[PDB]
Amino acid sequence: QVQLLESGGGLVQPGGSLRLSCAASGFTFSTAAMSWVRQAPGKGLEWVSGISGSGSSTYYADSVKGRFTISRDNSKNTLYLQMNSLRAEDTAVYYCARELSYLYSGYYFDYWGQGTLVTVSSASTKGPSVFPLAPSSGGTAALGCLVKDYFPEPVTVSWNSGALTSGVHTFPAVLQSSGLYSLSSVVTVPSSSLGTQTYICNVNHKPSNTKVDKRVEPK
Amino acid sequence: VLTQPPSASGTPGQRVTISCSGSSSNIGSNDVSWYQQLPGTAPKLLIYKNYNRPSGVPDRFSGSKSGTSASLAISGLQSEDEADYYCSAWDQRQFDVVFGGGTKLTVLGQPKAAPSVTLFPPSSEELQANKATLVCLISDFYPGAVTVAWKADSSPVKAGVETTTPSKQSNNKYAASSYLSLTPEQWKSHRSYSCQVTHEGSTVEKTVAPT
Amino acid sequence: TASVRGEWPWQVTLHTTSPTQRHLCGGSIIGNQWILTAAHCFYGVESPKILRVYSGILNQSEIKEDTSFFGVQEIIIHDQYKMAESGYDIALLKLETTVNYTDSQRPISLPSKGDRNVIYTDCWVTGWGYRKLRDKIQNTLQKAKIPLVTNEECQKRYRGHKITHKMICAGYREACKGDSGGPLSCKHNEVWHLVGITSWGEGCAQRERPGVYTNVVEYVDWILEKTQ
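Chains as they are written, first to last, in the working numbering: chain F, 1 to 219; chain H, 1 to 211; chain S, 1 to 228.
Keep in mind the hints are simulated off the structure, nothing from the lab. C-beta: ideal position from N, C-alpha, C; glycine also. Any given hint could turn out to be false.
Calculated cross-link-like contacts (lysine-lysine; reagent style DSS-like; alpha-carbon spacing at most 27 Å) [what the hints assert, rightly or not]:
#1 F/206 to H/168
#2 F/211 to H/131
#3 H/104 to F/214
#4 S/136 to F/65
#5 H/206 to F/214
#6 H/44 to S/132
#7 F/126 to H/131
#8 F/219 to H/131
#9 F/219 to F/206
#10 H/168 to F/43
#11 S/82 to H/44
#12 F/76 to H/188
#13 S/94 to S/166
#14 F/76 to S/156
#15 S/132 to F/65
#16 S/94 to H/44
#17 F/219 to H/44
#18 F/76 to S/132
#19 F/219 to H/151
#20 H/173 to F/43
#21 S/166 to S/156
#22 H/131 to F/206
#23 H/131 to F/214
#24 H/104 to F/43
#25 H/173 to F/219
#26 F/43 to H/44
Chain H residues, not near chain F, derived (Cβ > 10 Å throughout) [claimed, not checked]:
#27 8
#28 10
#29 14
#30 58
#31 146
#32 149
#33 156
#34 185
#35 196
Just so you have them, the derived chain F footprint on chain H, three or more residues with Cβ under 8 Å [claimed, not checked]:
#36 23-36
#37 45-54
#38 94-106
Taking the hints into account, I'd like the entire structure generated from these sequences.
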């Protein structure tokens, strides 16, 4: 049905610029008023900008006037947010949403996108170092991978290219004092399958374009 | 500026009311909407125009409004309802759509569960790169709160500890992570390192040692 | 395009005075103390005490703290009204005093029940363009000639909702500035009739889904009963 797929999000230096996009499907885009709504980490929602169906009228929150520009391509079913002179407090997940704001409807957002995280930091992207967490010498063996010192989030971990899913516990990342994240992924497997069966954790970190397939062997 | 209590709670099958306080400029004279945001997902419209439900939103959710206040009632409470709930209204005075700060709804009634603890030593790979990280993984605990202490040959190690907040798992139990950074010299200078996890007065211990 | 002074003498501007005075909605003079408007207009209105009705207004700027206005005694919302998309988006304002008819303030005839199905060919939508919470009001009253669209063609556009008989659609014009509660007026056999009340829908242009109006002819019974 209705889809709003966002992209363009990522890490940017303070004062930097970024172009967010939102592709729509399953409703006639040109008829819809569209908006960007952001959410700062562990905070609530804040409307950023809105645009009419035609593109004739654009509106912006006070904190982003003269920095952000909203636009749309009705032929392309796409909404854009050109963000300039980005600031640290502009760090948030930005969702695109179809809005209703008639006097008859009230002001609400019926369809939402998934969001793209925008990070405005002076720290440079850092790819993780991937270390195996070797199983040691009773029925089942716990084994895993340590995804150390990366920035920004997210990192994705799959095991044996998606052939191993059950009993896989990928832990939420710790934010270390250094400003770098670290996470662990663990899988409990039959001890007897160690050595005979191969275990590989596939780690990807899109911000730094890191891709590791680390084989986890016992001691 | 819409004000909501930061937290709410209830056991399964109960009714929970999430409240939203406003003013004559917003709630007092404008249509109210409600959003549900499940962990790591986008918000979802639950109610629009005060009490209306969009297609697919179950009868269990009901919206109401009385003066400068609005309420979201969640009846027949499910563990899946554990989310952030936001009220919203147009504000004529500010001339902007405003949101509450959200309420974090917690679903209770899970039986008490002690933590499962998996402790890993540093890998050869890491030791070669002149680093040493001890990885203490804590899972399947309920309630969602734990205390972590680290020991080196039964003496406390407070420096170089990084611990996550507890997070809820798919199975409604909670998980936590603790990391111990050392120099390879510290790792070797001791016979063993330990991660002690305290949950509701009881301690669950794991020990690790250099080869 | 711009309207001139005395062109739409049934058109009124409805103002709220709480917290400050501002245009709230459009409406039409249908009798000595009767203003016909949309029920959705009053979503934020507590009591008629805060309302002012201004007749003979071309420019919003010409409204000062000495400008003559009509007080409202009663707000009559259709009892079946819940939201605009479910119909019954109609309301009557009983004024405190009687409107003494001039060239700047006169009533618009209701449509004839004999002309229930008639396809009007000379329809106009007028207002200060207030239909959304963020839109800026037009200072001068705007007009646009709008073609009617069949309920069947209208339903095809709005597959998600039900286009009832108590609704009339207008659009596919060769941007419109009607206000919520404002008139959709059609001149039939050289006489103006209040065919529609601006309720919901997108707009009037060829590239838009048509505007959904309260079909005034279906409420003629309701209007006469309430104004008896």
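Do the hints match the structure? See the list:
Taking the CA atoms of residue 206 of chain F and residue 168 of chain H, the gap is about 25 Å. The hint holds against a cut of 27 Å. Pair hint residue 211 of chain F plus residue 131 of chain H holds up; C-alpha atoms about 21 Å apart against a cutoff of 27 Å. A threshold of 27 Å between alpha carbons decides the hint, and for residue 104 of chain H with residue 214 of chain F the separation of about 38 Å lies outside it, so the pair is violated. Pair hint residue 136 of chain S plus residue 65 of chain F holds up; C-alpha atoms about 18 Å apart against a cutoff of 27 Å.
Between residue 206 of chain H and residue 214 of chain F the CA atoms are separated by roughly 25 Å; this keeps the pair inside 27 Å, and the hint holds. For a cut-off of 27 Å, the pair hint linking residue 44 of chain H to residue 132 of chain S stands: about 23 Å separates their Cα positions. A distance of roughly 17 Å separates the Cα atoms of residue 126 of chain F and residue 131 of chain H; the hinted pair therefore holds under the 27 Å criterion. The straight-line distance between the Cα atoms of residue 219 of chain F and residue 131 of chain H is roughly 19 Å, inside the 27 Å bound, and the hint therefore holds.
Restraint check for residue 219 of chain F and residue 206 of chain F: not satisfied, since their Cα atoms lie roughly 31 Å apart, outside the 27 Å limit. Between the alpha carbons of residue 168 of chain H and residue 43 of chain F the distance comes to roughly 19 Å, so the proposed pair stays at or under 27 Å and holds. For the hint linking residue 82 of chain S to residue 44 of chain H, the alpha-carbon distance of about 23 Å falls within 27 Å, and the restraint holds. At most 27 Å may separate the alpha-carbon atoms for a hinted pair to count; residue 76 of chain F and residue 188 of chain H exceed this at roughly 61 Å.
For the proposed pair residue 94 of chain S and residue 166 of chain S, the alpha carbon gap of about 23 Å is at most 27 Å, so the pair holds. Of the supplied pair hints, the one linking residue 76 of chain F and residue 156 of chain S holds, its CA atoms being roughly 23 Å apart against a limit of 27 Å. Between residue 132 of chain S and residue 65 of chain F the CA atoms are separated by roughly 21 Å; this keeps the pair inside 27 Å, and the hint holds. Taking the CA atoms of residue 94 of chain S and residue 44 of chain H, the gap is near 41 Å; set against the 27 Å cutoff, the hint is violated.
Among the hinted pairs, residue 219 of chain F with residue 44 of chain H is inconsistent with the structure: their alpha-carbon atoms are about 48 Å apart, more than 27 Å. Between residue 76 of chain F and residue 132 of chain S the alpha-carbon distance is near 26 Å, which keeps this suggested pair within the 27 Å criterion. Annotation: proposed proximity of residue 219 of chain F to residue 151 of chain H holds, straight-line Cα distance about 24 Å (limit 27 Å). At most 27 Å may separate the alpha-carbon atoms for a hinted pair to count; residue 173 of chain H and residue 43 of chain F meet this at roughly 24 Å.
Of the pairs offered as hints, the one joining residue 166 of chain S and residue 156 of chain S holds, with about 17 Å between alpha carbons and a cut-off of 27 Å not exceeded. Between residue 131 of chain H and residue 206 of chain F the CA atoms are separated by roughly 25 Å; this keeps the pair inside 27 Å, and the hint holds. Among the hinted pairs, residue 131 of chain H with residue 214 of chain F is consistent with the structure: their alpha-carbon atoms are about 18 Å apart, no more than 27 Å. Note on residue 104 of chain H and residue 43 of chain F: the hinted pairing holds, with a Cα-Cα distance of about 11 Å set against a maximum of 27 Å.
Distance restraint check for residue 173 of chain H and residue 219 of chain F: the Cα-Cα separation of roughly 31 Å exceeds the 27 Å cut-off, and the hinted pair is therefore not satisfied. For the hint pairing residue 43 of chain F with residue 44 of chain H, the CA-to-CA distance comes to about 16 Å; that is within 27 Å, so the pair holds. The beta carbon of residue 8 of chain H sits about 15 Å from the closest Cβ of chain F, which is more than 10 Å, so the claim that it is off the interface holds. Listed as a non-interface residue, residue 10 of chain H keeps its Cβ farther than 10 Å from every Cβ of chain F; the least gap is roughly 22 Å.
For residue 14 of chain H, the non-interface assignment is confirmed: its Cβ lies about 25 Å from the closest Cβ of chain F, beyond the 10 Å cut-off. With 10 Å as the threshold on Cβ separation, the claim that residue 58 of chain H sits away from chain F holds: the shortest Cβ distance comes to roughly 17 Å. Its beta-carbon lying about 13 Å from the closest one in chain F, residue 146 of chain H satisfies the requirement of being farther than 10 Å from that chain. For residue 149 of chain H, the non-interface assignment is confirmed: its Cβ lies about 17 Å from the closest Cβ of chain F, beyond the 10 Å cut-off.
Against chain F, the non-interface label of residue 156 of chain H holds: every CB pair exceeds 10 Å, the least being about 19 Å. Consistency note on residue 185 of chain H: stated as away from chain F, and its beta-carbon is indeed over 10 Å from all of that chain's, at 19 Å minimum. No beta-carbon of chain F comes within 10 Å of the beta-carbon of residue 196 of chain H; the shortest separation is about 18 Å. For the segment 23-36 of chain H, the assignment as covered by chain F holds, since 5 residues bring a beta-carbon within under 8 Å of that chain's beta-carbons and 3 suffice.
With 5 residues having a Cβ less than 8 Å from any Cβ of chain F, the segment 45-54 of chain H passes the three-residue criterion, so the hint holds. Three residues within the 8 Å Cβ limit are the bar, and the segment 94-106 of chain H against chain F gives 6, so the coverage statement holds.
Hint compliance for this structure: hints 3, 9, 12, 16, 17, 25 are not met, and every other hint is.
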